[PDB]
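S.K.: Could you build all of it, start to finish, from the sequences and the hints given here?
Residues per chain are reported as follows:
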Amino acid sequence: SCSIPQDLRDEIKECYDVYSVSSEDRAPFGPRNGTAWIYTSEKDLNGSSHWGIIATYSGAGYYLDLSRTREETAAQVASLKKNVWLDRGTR
Amino acid sequence: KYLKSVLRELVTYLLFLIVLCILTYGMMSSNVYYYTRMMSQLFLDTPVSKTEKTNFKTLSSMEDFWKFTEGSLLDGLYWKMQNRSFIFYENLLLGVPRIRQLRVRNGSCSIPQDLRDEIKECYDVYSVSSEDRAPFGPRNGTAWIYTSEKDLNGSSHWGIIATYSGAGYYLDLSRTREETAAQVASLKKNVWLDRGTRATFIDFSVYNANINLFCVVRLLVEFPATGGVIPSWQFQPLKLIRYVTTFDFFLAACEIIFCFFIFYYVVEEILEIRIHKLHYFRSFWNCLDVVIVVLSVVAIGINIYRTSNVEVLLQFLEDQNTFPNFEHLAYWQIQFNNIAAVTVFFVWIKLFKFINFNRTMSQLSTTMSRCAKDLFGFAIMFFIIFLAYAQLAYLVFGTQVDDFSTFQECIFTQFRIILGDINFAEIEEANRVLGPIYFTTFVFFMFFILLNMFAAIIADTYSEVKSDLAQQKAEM
Ligand SMILES: *[C@@H]1O[C@H](CO)[C@@H](O)[C@H](O)[C@H]1NC(C)=O
Ligand SMILES: *[C@@H]1O[C@H](CO)[C@@H](O)[C@H](O)[C@H]1NC(C)=O
Ligand SMILES: *[C@@H]1O[C@H](CO)[C@@H](O)[C@H](O)[C@H]1NC(C)=O
Ligand SMILES: *[C@@H]1O[C@H](CO)[C@@H](O)[C@H](O)[C@H]1NC(C)=O
Ligand SMILES: *[C@@H]1O[C@H](CO)[C@@H](O)[C@H](O)[C@H]1NC(C)=O
Ligand SMILES: *[C@@H]1O[C@H](CO)[C@@H](O)[C@H](O)[C@H]1NC(C)=O
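From first to last, the protein sequence lines stand for chains C and B.
Here the entry's author numbering is used: the first sequence runs in plain steps of one and ends on residue 420.
Numbering (the entry's author numbering) for the second sequence: 215 to 296, 305 to 698.
Hints are computed from structural coordinates only; laboratory data are not their basis.
It is possible that part of the hints are untrue.
[Said to hold, decoys possible] Interface residues of chain C toward chain B, partial, derived using beta-carbon atoms under 8 Å: (1) 348; (2) 350; (3) 415; (4) 417.
[To be verified] Label-pair distances were calculated between CB atoms; the ranges are: (5) 332(C) to 271(B): 33 to 41 Å; (6) 330(C) to 446(B): 49 to 57 Å; (7) 256(B) to 375(C): 50 to 58 Å; (8) 293(B) to 397(C): 36 to 44 Å; (9) 645(B) to 375(C): 53 to 61 Å; (10) 375(C) to 306(B): 37 to 45 Å; (11) 372(C) to 520(B): 52 to 60 Å; (12) 400(B) to 343(C): 23 to 31 Å; (13) 371(C) to 645(B): 50 to 58 Å; (14) 255(B) to 343(C): 32 to 40 Å; (15) 578(B) to 355(C): 37 to 45 Å; (16) 332(C) to 295(B): 17 to 25 Å; (17) 403(B) to 355(C): 39 to 47 Å.
[Stated by the list, open to error] Computed list of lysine-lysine pairs in BS3-like fashion (alpha-carbon distance at most 30 Å, straight line): (18) 410(C) to 294(B); (19) 281(B) to 411(C); (20) 342(C) to 411(C).
Beta carbons: idealized from backbone N, C-alpha and C, even for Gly.
M.R.: Next comes the structure, spelled out in structure tokens:
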């Protein structure tokens, strides 16, 4: 997202900039499967801004609804933990 | 007329103030606070080990320093990346850390011959004239050979106890934990920190390429000649690759505009220094102008000198297997911030020269000005007793209280007692009889007997100024 100085561009390989609407990710990742790995627009996702401590986060993003009882909620959470869902890009 | 000149003199000041406000906003972001907080909490809060509950801030023995230097330190430094070492998977540890110590020699002081039969050796307090320069121990590498301050490319530090030099016996740690731990264990096996050591420095740096902003770290442990351990720390968020984004170009343009403005002010002040009036020091609104100009000139000089020499960063970037040397840059950044804060504070204070637009502000300014002389006269008398009390507290309590340790601390604690913050329960055990007598007499005299004089003077002066102003209006 940002620019890396050319002096040490061989050392640092990737940049994950601070959160901003103009620098948000809208691409699939991992084992692409519907709700949990596809970007959903704010208008479709029923959301709104929040104004957290650091910045004002929008209502869009990746989401996954849980289930109604403990067992398969734990199963879904373990699935989201095995397939790494929290990379360095999360904000 | 008398209005066309003041209008220009006000619009130019408003433009200068806007430029300065933009410049000072551009240099003070919000990520640096959290960056420093995470670094400090990672390095100064985690305990030495899982069993011990002592962190770096609570070091109390030389053995605890050895326990800390292998463990929490190595845990913080080297992180197993999923070779290089990213501190939080975000902050890159560039180069290698370096540890060095300063020590003195035996026979530095002289034990009296009366009790020489039991004392064998002594080590005086740290001093440049009485520091060791001879090899000791197994005598292989730089950790056991004295190295001059000029060859180490260092400088002084001004620690809590004294002002240490930049020389000493240093050792560059490795790039991976598996070798740094071995080196530290080797340094611990042979006696490297004996009774003769006086100080120990640990320093490194990180980059955090996400936001182009460095961060230099220095940890200092002081060993006084009377025994004990005194820890210290310092984290400085430097920035050395400034020109990357458009906002940075905007900030450079603002700096150039500020330089033009200060040149114009110095020209227009040296113009009127003699033409309008020679030797005009009774205004206090022109003695502030010279202070503004001098402070700004010093600030630009420091800024142009600091950024002109960044050869250390380049020479490190040629080969990144050596220890970077970023101490001087951090020191000059601290000095620049200290100068800029005072400069902007005086610039803001300068605003009072224009707020006289109606009778209400004019009479308030007249009241404030007319009461300065007698307030200054009484301030000397007040401060004489204030410093007498300070020296009494320093002499009586200044050795068993930890709060009256030095004169400055006595001044500050009396100021805090004026605020009614500091409790009195820590003085009776320090001294049973004179403690509460001191506290009671000080609060009795300074709290209302010598404190309401300022209020009385201000009230009387304001009342008589208002009465005179009302009387002269009706007389006309
Ligand atoms: C990020 O992008 C750069 C080039 O844009 C690429 O070299 C690098 O491998 C990428 N990293 C990841 C984790 O996708
Ligand atoms: C993604 O969905 C497909 C479709 O059934 C499924 O076979 C696959 O197991 C899913 N991915 C994961 C990681 O479960
Ligand atoms: C979200 O809002 C839409 C209206 O566009 C509505 O149809 C839907 O029921 C709401 N909840 C869902 C299905 O996400
Ligand atoms: C330093 O010199 C004194 C004087 O002889 C001696 O007693 C002492 O053992 C010496 N210290 C060491 C560490 O050898
Ligand atoms: C010092 O040098 C000797 C000679 O090479 C070596 O055997 C030894 O391991 C080194 N270190 C110490 C602590 O003696
Ligand atoms: C000190 O001198 C120069 C710094 O300009 C550098 O080339 C040299 O390697 C430095 N020495 C050490 C031990 O850092």
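S.K.: Now look at each hint and say whether the structure bears it out.
M.R.: Each hint, compared with the structure:
A distance limit of 8 Å between C-beta atoms decides the matter here; for residue 348(C) the minimum to chain B is near 11 Å, and the interface restraint is violated. Because the beta carbon of residue 350(C) sits about 17 Å from the nearest beta carbon in chain B, more than 8 Å, this interface hint is broken. Look at residue 415(C): its Cβ only gets to about 11 Å from chain B, farther than 8 Å, so that hint breaks. About 6 Å separates the beta-carbon of residue 417(C) from the nearest beta-carbon of chain B, less than 8 Å, and the hint is met.
At roughly 38 Å, the beta-carbon separation of residue 332(C) and residue 271(B) lies within the given 33 to 41 Å, and the hint holds. Separation of residue 330(C) from residue 446(B) is about 50 Å and conforms to the stated range, judged on CB atoms against 49 to 57 Å. Remark: the range hint 50 to 58 Å for residue 256(B) to residue 375(C) is contradicted by a beta-carbon distance near 39 Å. About 40 Å separates the C-beta atoms of residue 293(B) and residue 397(C), a value consistent with the hinted range of 36 to 44 Å.
The beta-carbon spacing between residue 645(B) and residue 375(C), approximately 55 Å, falls within the hinted interval of 53 to 61 Å. In this structure the hint that residue 375(C) and residue 306(B) lie 37 to 45 Å apart at CB holds, the actual value being about 43 Å. For the hinted restraint 52 to 60 Å between residue 372(C) and residue 520(B), the CB-CB distance of approximately 56 Å keeps it satisfied. Checked against the given bound of 23 to 31 Å, the beta carbons of residue 400(B) and residue 343(C), roughly 26 Å apart, stay inside it.
The supplied range of 50 to 58 Å is met by residue 371(C) and residue 645(B), whose beta-carbon atoms lie about 55 Å from each other. Look at residue 255(B) against residue 343(C): about 26 Å separates their beta carbons, and that is not inside 32 to 40 Å. The hinted range of 37 to 45 Å is not satisfied by residue 578(B) and residue 355(C), whose Cβ atoms lie roughly 58 Å apart. Distance hint check: the CB atoms of residue 332(C) and residue 295(B) are about 23 Å apart, consistent with the given range 17 to 25 Å.
A beta carbon spacing of about 45 Å between residue 403(B) and residue 355(C) agrees with the range 39 to 47 Å that was offered as a hint. The hinted pair formed by residue 410(C) and residue 294(B) meets the criterion: a straight-line CA distance of about 20 Å does not exceed 30 Å. Between the alpha carbons of residue 281(B) and residue 411(C) the distance comes to roughly 37 Å, so the proposed pair goes past 30 Å and is violated. A C-alpha spacing of about 25 Å is found between residue 342(C) and residue 411(C), which places the hinted pair at or below 30 Å, so the restraint holds.
Checked against the numbered hints given earlier, this structure breaks hints 1, 2, 3, 7, 14, 15, 19; the rest are met.
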